[PDB]
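Guided by the hints, dock chain B onto chain A, whose structure is given.
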Amino acid sequence: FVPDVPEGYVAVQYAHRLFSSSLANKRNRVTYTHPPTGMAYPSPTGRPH
Amino acid sequence: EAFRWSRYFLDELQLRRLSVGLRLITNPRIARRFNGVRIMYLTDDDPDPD
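Protein chains in written order, with full-length UniProt numbering: chain A, 1088 to 1136; chain B, 1038 to 1087.
Bound-form chain A, shown alone:
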């Protein structure tokens, strides 16, 4: 069994440039930036598929 990647998911090649440090609510969170929009997501929760 290999689960299918669902419908809304955006493929992203991993690269170091993606994950980075950033200030986020008085903490130095390991922010991820999503290349389709360029938006930063410091928390692992709430990130786009």
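For the record, the hints were derived by calculation from the structure and aren't laboratory data.
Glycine included, each C-beta is placed from N, C-alpha and C at the ideal position.
There could be a bad hint or two in this list.
Facing chain A, from chain B, some residues (calculated, C-beta under 8 Å) [as the list claims (entries may be wrong)]: (1) 1080; (2) 1082; (3) 1083.
Simulated restraints, written as ranges between beta carbons of each label pair [unchecked claim]: (4) A/1127 to B/1070: 40 to 46 Å; (5) B/1070 to A/1113: 30 to 36 Å; (6) B/1065 to A/1099: 49 to 55 Å; (7) B/1085 to A/1115: 18 to 24 Å.
Structure of chain B alone, referenced to chain A:
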């Protein structure tokens, strides 16, 4: 005339004080027993009691 009402069998001053006390008891700042909680799976970013 003293028998017309028991006045709950209290002194007149205990009544007059009882008044202000009822004013204390219903002050919002004292009302600090809280009712009901909401369970929800959320990050504690920038916590505030309120």
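inquiry  = Need the list of violated hint numbers for this structure, in ascending order.
reply    = none
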